[PDB]
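In structure tokens, one chain follows: the form solved without its partner chain.
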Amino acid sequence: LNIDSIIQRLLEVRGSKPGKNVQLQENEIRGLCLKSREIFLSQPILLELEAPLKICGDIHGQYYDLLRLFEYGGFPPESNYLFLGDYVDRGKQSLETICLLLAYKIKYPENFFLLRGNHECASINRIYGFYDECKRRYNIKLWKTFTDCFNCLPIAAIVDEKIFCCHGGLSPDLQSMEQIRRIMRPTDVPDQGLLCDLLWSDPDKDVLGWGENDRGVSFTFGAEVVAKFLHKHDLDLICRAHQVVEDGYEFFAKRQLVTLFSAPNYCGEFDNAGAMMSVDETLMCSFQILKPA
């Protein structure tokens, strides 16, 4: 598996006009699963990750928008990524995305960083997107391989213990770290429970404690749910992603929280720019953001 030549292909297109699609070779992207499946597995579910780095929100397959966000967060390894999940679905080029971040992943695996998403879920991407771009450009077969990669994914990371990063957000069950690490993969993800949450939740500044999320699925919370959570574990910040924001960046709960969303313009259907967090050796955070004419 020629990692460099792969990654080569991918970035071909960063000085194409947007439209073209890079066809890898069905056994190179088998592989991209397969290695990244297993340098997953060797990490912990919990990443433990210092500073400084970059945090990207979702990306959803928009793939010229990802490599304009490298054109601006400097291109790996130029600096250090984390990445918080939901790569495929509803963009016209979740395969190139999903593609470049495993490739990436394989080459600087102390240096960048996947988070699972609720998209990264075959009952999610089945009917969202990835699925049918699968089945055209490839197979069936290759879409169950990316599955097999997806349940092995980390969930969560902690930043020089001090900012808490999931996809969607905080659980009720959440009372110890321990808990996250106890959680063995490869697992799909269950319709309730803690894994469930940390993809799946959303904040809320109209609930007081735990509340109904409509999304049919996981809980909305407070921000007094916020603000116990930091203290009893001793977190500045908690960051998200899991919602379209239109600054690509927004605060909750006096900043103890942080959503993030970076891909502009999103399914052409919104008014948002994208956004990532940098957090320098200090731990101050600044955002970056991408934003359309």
Given for the second form:
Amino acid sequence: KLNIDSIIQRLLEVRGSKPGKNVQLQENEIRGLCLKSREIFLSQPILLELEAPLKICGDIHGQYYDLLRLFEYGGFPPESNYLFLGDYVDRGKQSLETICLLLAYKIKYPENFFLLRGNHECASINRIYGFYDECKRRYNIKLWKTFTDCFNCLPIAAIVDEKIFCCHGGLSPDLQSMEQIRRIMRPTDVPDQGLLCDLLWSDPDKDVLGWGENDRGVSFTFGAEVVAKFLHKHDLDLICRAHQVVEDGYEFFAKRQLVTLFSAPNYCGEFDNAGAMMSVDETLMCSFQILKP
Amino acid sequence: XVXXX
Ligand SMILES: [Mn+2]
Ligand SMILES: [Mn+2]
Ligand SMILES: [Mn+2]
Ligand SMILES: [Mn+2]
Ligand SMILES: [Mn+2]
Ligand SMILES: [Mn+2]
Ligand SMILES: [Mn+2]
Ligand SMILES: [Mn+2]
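Having seen the form solved without its partner chain, can you show the form solved in complex with its partner chain?
Let us now look at the entire complex, which starts with that chain.
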């Protein structure tokens, strides 16, 4: 019933229009995107096991014309396989187009296109930071509630060729095994502190060596010793994460055992940061493509 | 505004 190809065509039609130009999909089409993608999310593991070649992207935050630049640079699906690390909505002016395009590609290419949950794919947060207001202005609050149901089914982590562990935020002091992630049942809002909360919210910090206090008011910070012990225990080579604005779009932490990716250049119209994307090839070589501010 | 503007 859902015309996926026509939705994609209408979303891609504003390529090379004035940045900020809207695509007003019909409410029933947006609801169709949410309900179909949710079904696919639930049929696939909550801990994704993925294989290279793959382009990995960090926070987008509703900067729709920047998302199109990422695809223009990386190859529009299905030309390349993609993993996004979350934070699709809030902050920018076009969360609607942003999330609609990524959900459309998930439906269209369900084995070649992947999306993880970030801390902004959570009703409590997206209420304050822009996505609720955008839905109220352009559609209604019932559609925002619909997105909420879809977001609650997103997977939380990915492992790329048994070697690169991928999540939005970072590690947890309650994380002992990969089974703990697999035990997590969906749909879930994130009502309690603990493992799921930490995977969405936690931050590396060079001035703690173990676990520390997080300035955000939630979760923890983790030091280099933590990253090292984790990568050892589970026989892995790298943590790939997002969640923090960094100047060059990518930044290494903990003696290059972790990388942060941030994919939205000139974040909020305030920072002078680049955005970046990590390309992992078939021989597990990593490279970085930079989007200029 | 720290939730990170
Ligand atoms: Mn135009
Ligand atoms: Mn309403
Ligand atoms: Mn295990
Ligand atoms: Mn973010
Ligand atoms: Mn985040
Ligand atoms: Mn910066
Ligand atoms: Mn370095
Ligand atoms: Mn370091």
